[PDB]
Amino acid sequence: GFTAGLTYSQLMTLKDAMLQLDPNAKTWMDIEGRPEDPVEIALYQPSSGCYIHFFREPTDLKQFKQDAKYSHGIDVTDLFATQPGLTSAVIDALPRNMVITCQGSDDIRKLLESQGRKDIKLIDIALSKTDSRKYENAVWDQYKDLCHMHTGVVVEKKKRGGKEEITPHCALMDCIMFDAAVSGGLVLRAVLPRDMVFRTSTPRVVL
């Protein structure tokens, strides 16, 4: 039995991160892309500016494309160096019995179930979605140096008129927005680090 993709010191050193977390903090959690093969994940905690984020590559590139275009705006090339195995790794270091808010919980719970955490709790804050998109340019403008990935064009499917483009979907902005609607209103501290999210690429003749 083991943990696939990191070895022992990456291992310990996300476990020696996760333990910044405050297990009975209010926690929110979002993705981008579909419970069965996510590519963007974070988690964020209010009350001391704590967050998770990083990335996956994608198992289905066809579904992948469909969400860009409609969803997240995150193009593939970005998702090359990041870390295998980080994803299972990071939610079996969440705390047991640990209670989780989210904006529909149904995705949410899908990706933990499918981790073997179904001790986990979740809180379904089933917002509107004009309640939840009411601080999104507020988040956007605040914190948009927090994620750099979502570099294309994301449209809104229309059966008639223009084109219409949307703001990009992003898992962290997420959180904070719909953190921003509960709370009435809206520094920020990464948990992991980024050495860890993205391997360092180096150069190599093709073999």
Contents of the next structure:
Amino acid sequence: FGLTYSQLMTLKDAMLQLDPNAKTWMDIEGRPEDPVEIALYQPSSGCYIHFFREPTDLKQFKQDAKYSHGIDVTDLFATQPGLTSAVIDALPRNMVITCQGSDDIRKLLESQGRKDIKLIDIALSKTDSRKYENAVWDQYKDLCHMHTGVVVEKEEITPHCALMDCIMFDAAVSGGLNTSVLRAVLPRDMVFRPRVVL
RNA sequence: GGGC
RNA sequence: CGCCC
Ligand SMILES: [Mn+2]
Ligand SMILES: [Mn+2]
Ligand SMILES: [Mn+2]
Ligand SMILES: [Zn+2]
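Moving on from the form solved without the RNA, kindly provide the form deposited with the RNA bound as a structure.
Entire complex below, previous chain first.
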């Protein structure tokens, strides 16, 4: 399934930092059956899961990049295969996950056999959900560098990040953005994999 | 319209 | 309106 026992032990220990009962956001970039960026966020603790995956459909990816995420495909080369399945399978049983537009999130969780996970859809408008878009990027821009491509709507807009979306959707529901220290759940060497002769 |  | 619900 991708991961050695040593890595599985590290992952399951890291995911115990998630409070099984706390408010948990989840957003993805890319199609549900072919995701390229996955993020979970718990505002109560400041814990976040954030990782990437290589697209199977390159033609769909390049098209999605111009209208949504703006991820350069070259930057996804060092990603760990099987991370998506391993993280989702390690999520607490009957966990309650909140997000904007639950349809794609549901299809991804169901494709991983996690029908037990309950989903709350906030179902806000694009304007209401992204009221604190500027404020989130102003505070947390250093947490993701992957969105370098120009994203259009014809008007240039801020690229869609799975992690930034989780934070800004929370700020919209709470009616404000808190100054809080964020903590990465996954080790950096687990997200990304490189020598020397050939 | 919502998601990408 | 590129795709998708
Ligand atoms: Mn989404
Ligand atoms: Mn998004
Ligand atoms: Mn629309
Ligand atoms: Zn990102």
